[PDB]
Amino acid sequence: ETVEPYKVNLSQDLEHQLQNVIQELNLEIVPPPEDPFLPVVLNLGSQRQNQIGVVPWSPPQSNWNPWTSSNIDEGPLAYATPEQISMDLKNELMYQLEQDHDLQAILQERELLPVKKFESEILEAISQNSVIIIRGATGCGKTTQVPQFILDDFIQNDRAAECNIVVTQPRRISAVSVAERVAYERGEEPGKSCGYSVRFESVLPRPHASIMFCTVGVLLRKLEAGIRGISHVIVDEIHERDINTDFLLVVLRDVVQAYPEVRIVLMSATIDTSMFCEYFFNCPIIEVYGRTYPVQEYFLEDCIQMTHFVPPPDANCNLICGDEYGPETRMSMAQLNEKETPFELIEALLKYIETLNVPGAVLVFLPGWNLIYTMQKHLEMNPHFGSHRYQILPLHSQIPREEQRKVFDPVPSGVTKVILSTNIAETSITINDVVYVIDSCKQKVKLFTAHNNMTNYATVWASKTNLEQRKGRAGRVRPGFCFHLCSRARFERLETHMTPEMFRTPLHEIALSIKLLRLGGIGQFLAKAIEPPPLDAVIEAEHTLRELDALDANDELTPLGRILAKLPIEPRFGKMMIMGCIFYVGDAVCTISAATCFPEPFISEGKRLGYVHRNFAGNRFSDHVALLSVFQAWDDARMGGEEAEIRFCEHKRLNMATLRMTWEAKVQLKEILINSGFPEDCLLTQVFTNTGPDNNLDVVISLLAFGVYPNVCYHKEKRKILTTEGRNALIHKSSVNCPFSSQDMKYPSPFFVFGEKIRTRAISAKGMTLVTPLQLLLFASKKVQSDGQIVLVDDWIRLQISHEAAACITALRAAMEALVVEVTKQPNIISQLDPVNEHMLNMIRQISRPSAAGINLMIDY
């Protein structure tokens, strides 16, 4: 079935050098076996424990900026008394209201919002109780108004200086957009009374009488200092059950016991909030409601029948169909695959909607950007859905806020607004003048399985709660309609609620947070959660952090673990960054790491890459080198001003926003290493060639192999690769390593590390970089067994290599790990390392070279 052992052509000069270094370091060499039926394993090999602790809290004061977490000295507000600040801010606001007519008009829109009438009740509830829950339908105005109500209360009652609100949002798009919206509602830009703080981007508001919208991750990273100088904490959209939100509620519950002066406000959609109420000591529930219209529901049976639709040529619920429908309806529906969504039926539904002769927008719920793009392309093919008749606007996370705000804009009468949206438009935002809803009844979820390291962006069935919420979006302006694209049988076999993220998400990052914040045991703390995670996930987290040496045997945070907890990326990439610093390639490795948090900068449109994009790869057969190369080129082109940058990006077909955000992310990652004590000169930008000899890039590739482990694969032919599991898989179309057409690629090595192992119809390897066999042994393997002439790597691939070489390379890995520990104890030692460590690093540098494994990337053969 599987392939023969790969020939590894290693020179004796290098084989000796390896043995000499291992001699010099005096590392324990696992000797060869006597009989070849004895596979010998070449692999080689504290503070006191806590119990529990609470995050400290303190209220706002005048000489303290809670967003920058520092004193105010230089400014005039260092001495300024609270009363002065309060009165000045009040007078400023009063003057603005009487002068600005556009602001008056905006305030008048605010007063018509359903939540307005509950202003008094909400404010009293907050003042009387440490914790409250505000429950109400989506579109009432919980998110935008409640923080303002609270702030304007403190302003207008001459105590503006005692008000600092933190507002948490599950999404990045929400934290930014809400801040922009609230600012506009107060006649400001973000920076004055409102601000935002997400990962790798922030606009901090003023120190006094200010609202800070943020993601939960940002807030948690700041809590090691404490919740210093905050009057209110608003946790929004709790019903979505974001894992970080659920986690925060655990922390906040401990806070309100020890510090009952703080105010917590939980805000929720129309769901059963018993859980949350009971969790927070039977806190009050303030109900919020407004204008609602009855919405007529339809299902796939109904939709097919009234459109007379006919398609092309769990159990299948499209086979099941009641006998109060036509024979054509049964026959037609039975041809539809449930695992697909019927794009042509949606097209038909749009055409049916305009025969009703009632003008209004159509909100179409689709799982991900792919099915939005596919639906969008489908429509614009047909001339009927053109500029004269239709305004088709996509709404997902990965488009500029320029285009996102267009969904709220009105349209000329005669044109119908169609929004192709994700679940963002389910409970988090409310698009206006929506009369019709087409619902796919799907969700998009990350399902990660640790055993095989498989990522699945799975399209899954939504809950009854989801379908009811999506149905509710149609009836805010007038009686609406909702077209569910699931069978009436399927509806019955839907779960009532989605699985919360706490049940199905890796917990290693939350585990690091727990230890950073000194909240006690990982298992102990997560047991107190509203709905605790499964045991295996906790064990998996503990296992992951032990492998990295983030935790010691006592499960206490090591110096290395402290750095990984501070870095807002995957811990494994954090460690790779640290290794990069040791090798003086920290900038490149920080660039690689940053880019994992954002979309691909290449605008490929889901196709194979063209000439321009592939050239960036050089002769390295690497998507990561391509990334680094576009950053080198982009940074050069950016020298000549903003317009020169734009032209470069749209000439090279690059997403300029992605490159900018990634750069800024890199700067902040570097910032945190500097503070942790890493020297400046191991994090400098370093020019590199992607074609010629370059040992700096060699090391990056070696370090990349560590980061993405255990994503390794072996090329057979065309696009077929073998995974770690043993199963076969495809090269992703995006890759520079994907054959452009017929001409097969002559890879100098069959081994590739890669970013994601994606589950779809088949196993796909995305973001692929070629590595040599030596790099495989060094950084892209845990377990290796030698019989004398053949080596077995992680019980999936075999190599024909010297025993001594394999054991020496495995010893280097152990030596490097030992140094990483020593370095994290005292990071500044990389400035001047003793000769023996430099000898170890130099040998790894040599092993990272293509020529080390008898490869020459110059001669394409």
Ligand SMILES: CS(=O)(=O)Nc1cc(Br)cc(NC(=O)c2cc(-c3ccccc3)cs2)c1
The other form holds:
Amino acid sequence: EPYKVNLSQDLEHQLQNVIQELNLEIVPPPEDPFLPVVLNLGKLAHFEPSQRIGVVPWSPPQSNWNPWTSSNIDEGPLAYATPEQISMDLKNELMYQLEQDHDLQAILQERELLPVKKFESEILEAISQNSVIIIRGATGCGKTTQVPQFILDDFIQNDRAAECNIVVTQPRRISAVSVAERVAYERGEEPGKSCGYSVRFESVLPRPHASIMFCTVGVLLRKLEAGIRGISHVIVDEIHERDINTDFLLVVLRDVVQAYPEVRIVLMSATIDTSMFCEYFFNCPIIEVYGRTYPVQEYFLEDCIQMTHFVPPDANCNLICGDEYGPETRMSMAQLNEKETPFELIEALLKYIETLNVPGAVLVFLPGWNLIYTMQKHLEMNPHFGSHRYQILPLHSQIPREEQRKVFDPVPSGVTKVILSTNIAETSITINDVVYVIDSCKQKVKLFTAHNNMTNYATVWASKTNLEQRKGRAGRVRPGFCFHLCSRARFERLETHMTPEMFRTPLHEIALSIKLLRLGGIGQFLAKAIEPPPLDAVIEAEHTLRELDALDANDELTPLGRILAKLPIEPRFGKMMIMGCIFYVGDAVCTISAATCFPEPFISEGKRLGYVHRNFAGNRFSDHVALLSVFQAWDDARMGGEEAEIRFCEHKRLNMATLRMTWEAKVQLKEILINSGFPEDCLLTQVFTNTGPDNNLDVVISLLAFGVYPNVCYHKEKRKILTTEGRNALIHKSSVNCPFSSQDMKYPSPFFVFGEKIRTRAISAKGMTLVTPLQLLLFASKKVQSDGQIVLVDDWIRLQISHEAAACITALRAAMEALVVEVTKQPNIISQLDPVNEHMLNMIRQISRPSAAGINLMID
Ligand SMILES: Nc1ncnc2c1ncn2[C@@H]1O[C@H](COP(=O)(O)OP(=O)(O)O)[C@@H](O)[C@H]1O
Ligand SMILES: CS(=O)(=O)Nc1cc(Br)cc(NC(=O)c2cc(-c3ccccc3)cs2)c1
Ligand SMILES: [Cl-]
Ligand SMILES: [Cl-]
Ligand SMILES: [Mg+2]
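Same protein, different form: I have the form deposited without the named molecule, so give me the form solved in complex with the named molecule.
Below, the chain from earlier opens the complete complex, with every other chain and molecule after it.
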């Protein structure tokens, strides 16, 4: 039914007077109430379109240049020091370290036994003679940790240390950091000397000479605006993962290596068909790397049920079982849901592994942290799996690096190490005690569908290549056992390979990177990829960027697009942050934005929020206000020094690591807006109240509606909400807006904007913030139609509201867009806006108020 909006007569008129002063078109009302007219003003201001394939330039290392900071070395000995001097000094330093440090000699002795060591000479010849090589070999040979070292030490030992600066790309944040720490440790160092790392919002720079930067590809791409300056070698690691940014970088690097053949590219791959990569890079050589494998006995779901005598409480391949297996096996398998992972069978399998009386670690492949937590809980219930007999360790990207390194530690005699792992343990790391693999046969992939703005953290079937790779992890120390939890018939219906990310990932961020780097057309450049993305993804990226006014009608980068290109967040949040700067609430909007890059700081364990966490929300029915209020309290507690911070965080059940990384990310976002010319004064920390009148916070909530659009919903009763699609959905358990018990919430408005629309067995809105009907019209709606008493918003909900208010508010939206265009041309103008534009912003400030829509959040 149409929702009744109670806005005052004075507000009606003030809106009309601002639209008067903007000399703007109040789209008049229809004659026939069944001829509904579109209120949506077209664009009221544009960027002067520009005229319409570039190569990223390359230059080699040189002694007076810091390639990591992209700046001349002017202070210190290294400003004038000769390459010969630098090389002699680094060589002398290294030989002396090696002859003095006994713990270091011992570590080198371990290095010299890695399978890859035998191929050191062959690898180094191939690189010295070819612009591009591929190093191919089984996971655990030592490609990742040793090859960057082999190259550096080659230069150091041959008196040319100064001529060597290596970029190593990794498809994951966790790999870039872990490998940097591991390689530093192998060289008797911490990151910051010969090794360093750069990931989104965190870096430890290496020394400028004879050094290795481990990064994520996203970092190297954002740093390319000035070219690859002072680097001898780009090692692209784990190319077989088909991480989308790695696929993208291979396009860039192939044009680099064609134009600048003195550069060295080294691609490194697990044992897959690398023909594609070889052919792509002008039939470059492939260096085979190998060492001792062992046979691994493979079993499937039928073999597992039979040999454990286990009994449980697309077509279904658990009803298919051959006649060489007994009837209780078939009857038991046929009771298992293929969409579930049988946690109880995994327990039974661990117990069967005991009876073999061959000691070794068990690696369990589980798709996400949810099934690792679920497995871990289930085990730590049964006292059989206590400290006396078992060390059960989780391995996922989000647990702290102290805990992640424990998977490599050895375990007391008579205790069995069990690793409950994501696919990090498939090809990117090697745990050395492993004799037994239990394989869920599933992957976790983020699927996004634009048409309905639906996110699905999907549990999908692994590939045969994934099952073969997972089986290989059992056969590094002795003959091993791999227990696949899929039926033999399910295995026959598995794809050979996962879909590459390039085929199933939104491309608007890569599109911005192509345009910032002057590489040509989005379509044109992506057509040269090794396996190009689907057309509809390209069209969808171009549509997103034009709608944001990041591209002009000639598909060229606007001054707005150039700032969004530089901000390492979702473009829509980038634009939200520019709007925050204009309203002088930049700090708060940079915090909302930074927080989307990290897990929730609330340690809530998948249950409904308790009293302490709900309290951070005040009277705003907003997960985002809760998050801003946590940061304000945390930042106050931190005045008391580290231990006061630790105590505040564990007394409030907060993840301190997440609050610190989010804070660092906010500081970096603010720096980029500063260097784009936004004044310091629009980005200051602003104390606020989450209970009393606060116009700064009202504007932040208006801008959050813009940021998360089109995620709007309407509350019916209890946890039931109506989505943009006219569809029924649930309030996420996580939300301060989820009813703790049977007490139903009394929302002063039924409208919510939210961070994520999530598909599981149902549709969920996670990260929910109540907005007024005025904020809906202003920033949480594209198309609005009026019959003259009733408005239809994006074809999914109706408001009973003045035709004049609705059209006046839609015009404010259009007026606000035009100012954003003008502000991005010259950001310092926000200091000194002409009066009509201040009145426009004051009107948005006013209709952001709860009072503006007849709401008082202090009276329930
Ligand atoms: N943090 C660590 N602790 C212990 N061993 C490690 C660690 N990191 C790597 N290794 C060991 O180094 C060896 C080489 O690993 P890596 O270079 O990743 O191989 P590849 O890249 O060829 O798969 C393996 O035996 C692995 O177990
Ligand atoms: C473009 S290139 O390939 O020639 N070099 C290159 C390659 C890669 Br991967 C990363 C980086 N730099 C960084 O990641 C960072 C630099 C800083 C910084 C700190 C203080 C002052 C100035 C810069 C912080 S992170 C550089
Ligand atoms: Cl191996
Ligand atoms: Cl493929
Ligand atoms: Mg590797």
